[PDB]
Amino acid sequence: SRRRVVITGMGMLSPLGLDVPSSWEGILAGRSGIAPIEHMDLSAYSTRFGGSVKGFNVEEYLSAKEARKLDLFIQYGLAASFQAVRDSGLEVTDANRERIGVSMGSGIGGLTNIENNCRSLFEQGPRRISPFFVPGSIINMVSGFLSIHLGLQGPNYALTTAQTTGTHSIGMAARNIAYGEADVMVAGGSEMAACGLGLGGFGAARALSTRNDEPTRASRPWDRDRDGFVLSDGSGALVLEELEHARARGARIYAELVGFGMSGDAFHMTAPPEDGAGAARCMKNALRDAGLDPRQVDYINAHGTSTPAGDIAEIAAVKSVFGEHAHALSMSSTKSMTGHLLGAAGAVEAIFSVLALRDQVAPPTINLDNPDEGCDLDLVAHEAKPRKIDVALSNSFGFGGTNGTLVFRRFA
């Protein structure tokens, strides 16, 4: 048998806000966090906008000196992680520190730092590279710095599954607890890829929306005029906790994590199969893992990236899995508002799925002005929809055909 896993703490930086409740208030108001990117010359670039974190103050978390050692994606991951641990109320002690671990990941990691050190190297040679270049840029340093700061001695690792990272991180941390390898895990992801290399790299693949004139309308999942994803920054962290451990200390429980699915498309490096066969297998695996019938699902937080092929693949996958129930559930893309946080997408979207359960409301897909051919599901166009939600899924489908699905259920 397996132990039950609940969510007792959440933390976030997003284009909508510097914490969970501010972000969530924006989500339910249909607000966009997308704007032209500042303090960066994007003249030569085909995309000049994205989802930036606005007004982040790292000195609320770290000394200026410890912050100078760390790439922005690590700063953002630590901010979300500290928020989540605070929100959980957990007290770390010599009696439990070997049972508390971390799995905070990233899709792309320390591009900003790599960029800034390339500048030093090309202009002046290697002797100007920062001594902290390597430890301050590598993806496992959110887990690393968090464990050092809070004295966590439990499983310490980091996933990097591109746009699926935050979903896999949470799911695998839930397995650690379910199978008795930990009692508490801090899990999620962070990303800051708004650099020449990120906007330039995705731009060279022509993967991004180029709707420079109306950035807030760029991210329009399932709309017939969508023209690719919107690049966004931030972080999400959850405190996962074994149920008896949470009840023993009187934790506030937001929701239960009942299912995790993984699959590989084995199809293409960047594009999903048109029928979303891999996304369907992954959702079916997550529902089997939860012991739930597709008919019990009420709300899906889609991957919903605003790419032509990805959005239509998800509709096909949901129709395949859910059959006569596919129209009864609500499915929305919060990427319509936040843009695509890449490795942090699944982390912030797990939090939005948990809050959909808490508040009994489906967040909107904004900009869904003209649903495309066959996009005839309840996609919660334009405005939040209060409804019964007992079971919420969150899907991530990333480069390499790597899929993840989380299943959350109301706890009582």
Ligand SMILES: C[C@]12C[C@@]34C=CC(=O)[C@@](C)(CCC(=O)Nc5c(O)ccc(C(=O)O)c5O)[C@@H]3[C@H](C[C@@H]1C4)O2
Contents of the next structure:
Number of protein chains: 2
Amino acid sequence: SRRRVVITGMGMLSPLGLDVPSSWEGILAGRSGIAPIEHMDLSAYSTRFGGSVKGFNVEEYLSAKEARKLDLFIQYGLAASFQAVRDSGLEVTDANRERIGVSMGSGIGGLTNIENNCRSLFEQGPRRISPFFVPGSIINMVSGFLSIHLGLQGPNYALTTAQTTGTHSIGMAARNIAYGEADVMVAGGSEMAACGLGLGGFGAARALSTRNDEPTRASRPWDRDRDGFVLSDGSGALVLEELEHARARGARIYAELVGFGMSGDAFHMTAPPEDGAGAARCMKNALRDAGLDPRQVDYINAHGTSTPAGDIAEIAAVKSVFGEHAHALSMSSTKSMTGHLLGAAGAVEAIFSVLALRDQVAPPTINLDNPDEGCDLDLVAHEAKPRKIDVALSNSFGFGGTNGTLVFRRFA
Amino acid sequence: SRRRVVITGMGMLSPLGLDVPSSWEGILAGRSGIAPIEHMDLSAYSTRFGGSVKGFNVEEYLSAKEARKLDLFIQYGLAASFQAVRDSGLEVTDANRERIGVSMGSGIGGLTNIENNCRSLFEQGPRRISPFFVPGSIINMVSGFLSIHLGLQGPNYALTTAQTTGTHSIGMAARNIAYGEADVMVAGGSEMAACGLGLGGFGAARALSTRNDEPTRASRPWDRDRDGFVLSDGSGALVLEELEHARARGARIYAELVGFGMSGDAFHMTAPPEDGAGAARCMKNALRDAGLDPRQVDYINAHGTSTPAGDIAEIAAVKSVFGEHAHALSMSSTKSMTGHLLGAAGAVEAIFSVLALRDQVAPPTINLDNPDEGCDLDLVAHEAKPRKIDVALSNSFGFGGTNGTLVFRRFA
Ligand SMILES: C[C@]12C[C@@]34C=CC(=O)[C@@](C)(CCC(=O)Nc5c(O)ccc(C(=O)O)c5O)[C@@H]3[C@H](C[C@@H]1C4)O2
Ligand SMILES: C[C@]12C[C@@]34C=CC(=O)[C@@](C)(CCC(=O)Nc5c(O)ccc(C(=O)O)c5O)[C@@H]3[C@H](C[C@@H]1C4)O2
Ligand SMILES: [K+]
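Output the form solved in complex with the named molecule next; the form solved without the named molecule has already been displayed.
Time for the whole complex; same chain goes first.
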């Protein structure tokens, strides 16, 4: 029989902050983390801005030596993971190390380090490829390195489901606990795809905003003048824990993870169906998993990427799932502020959903000046809205038509 | 309480053949699939051979247009998937499409597409980056594209756990079925890392055999003169199916998937502990999952990568788990013949384990001329061995210390 799963620790790097509290302060203030990119020359690119992590100091977590062997996406994932475990208060011992695992994923992974080694290969030659190229670039090395540093011997894996990664990572980790394969999991996602191939690749697909003159206004989910997503970097990690395990050690419980849904659109490689039918199936799976009446959902943290086709598909899906209740719940996209953290989006947005529960407040959709046709729900335009929130749902969708939904609830 | 999971279809591309029967014929014959690499110039590299897929014809599966969008690892994964679905006889309909999902993974993913996009990027900037670069290179696109082509709407995801990927993919897919989230899953892995970055990266880590003079002798698991793994390419896919679902449509059942285990070494980024303690925990977890006493295991398809440290760690783990029964079972490494398919290794080796059950024969470890110190189990040296096999176990281990074990049994 299925065990209950709660959240006892969280950690983050985002364009708004180097930890959870600083990021969340930005969220509730409606602050943008988007700016012209400084770390490379994007003069030849159609998009020249995004959400960078500012002032990260890897040496708070790892030595210079260890850090230079690892791509930035790995460093970011480790930072968020270490923060979450610290936040949870958990002490790893021989008595529990086999019962604590890790599932930290990425969508794009080590593209940046691969691009740099590729430069070495072609400009210098093959003997300039790093000895640490493979372990420092592969997606599972967040889980790997975290387990090595903390001594975690339970299930150890990584998902890669593009922009759905972080949501799937958390949901599948919760299944491990619910079914008895672990008592504790560290789960989430990390990304740093701000390199030539990243900006260039998403740009070639015409998926990015090109509002170069006003980067903070670029990400504008459901607004009539939206023109694509804003690429952002960072990481999110949660400590998921079996309920009785948490209670026995006197852990602080932020919220309960009650539902997880998955689906496939089976429609198109890079676009959802106009009616968001796949997203609707995914949400219904998550609601049924949680044993809920859809009218119990108070807050939705949308995927809200600011693409023309994506944002309206999600409205359609929400209307299909919730009926008239779609007008009672609040739904917002925190990507309005953070931009799109790709494989880490679902992780940071899970955190934001948990914090919406702790603080009884719906984060805003900033930049929502003129809602587009049919976008007539309570989208929490401009300003955070204090309200009752007993149940929060968080959606992620990805290229390939891969969908995930998490459902969190206040714990008492 | 948990539903039973059986295998009803299989598909493969390997260095031994373009499908399962051809590959398996090679396995039973002790044939090597290793040769000098022909598709690129490795004259200045320290390793110039590996296991290539010979004569793959993508136009049996995809249009030229579709094929030009997709990295070779995705093409290979799709080929194996299409073969497995055909082999299963499953008819996808509106009545079942929400019950059929896909979990096909990769260890390193789109290295070749990245490498090809690199060259232009550094000489002439991002102008020539394809609009399909991102969807055609991300690891979840095997799952994505397969779902789109066949209309599969069930759980849709991808693992990336380096050399463990194929095993974890099959195991986690089995859980989806056992727990009622799907009735059918296509699962496995694919890889095509034979490029400058791949050969150069693994070569920089000093992980590859450099036996260029005798490529077919290079892969020699447990032999005293082994000197690293042999890099190979391909894919494996299984159709996993709930037992009653299979019975109701009169499916041919190859075998039952009874156990899945996972662990982490929490030891080192690129090496196992000398005693294989992580691998031992993983195998025990899989046996506990299956409700089997270690004395019930008849055949182990080892990870057997032909590395100095890897091979002996696995012997130690087997001795620890199985005690005196370690002397009764047979264990072999088919990587002696196929080389190391990385993220696809656990998929093709799951298939080989299923076929060992069908045909009651332990595949050989070829090249085992002089077993190393302590390598004194029945390692099926040189020649296939007909014997009773009721229970077959298959191990995969990966950089980061990530471990997976599958347990299959004859179905009557
Ligand atoms: C063929 C076209 C049609 C096109 C036209 C209008 C659009 O709006 C876009 C730009 C984006 C559609 C979309 O939102 N896809 C989408 C998705 O399915 C799942 C997740 C995300 C995410 O960012 O996490 C995402 O971005 C599409 C893309 C690129 C190209 C232009 O496909
Ligand atoms: C730092 C060192 C020490 C060194 C010394 C002797 C060795 O034998 C090797 C070559 C490989 C160890 C090993 O087997 N790792 C290993 C593993 O843990 C899991 C999976 C696989 C697989 O191939 O699927 C694998 O390859 C190691 C590697 C590279 C480098 C040289 O680490
Ligand atoms: K979300």
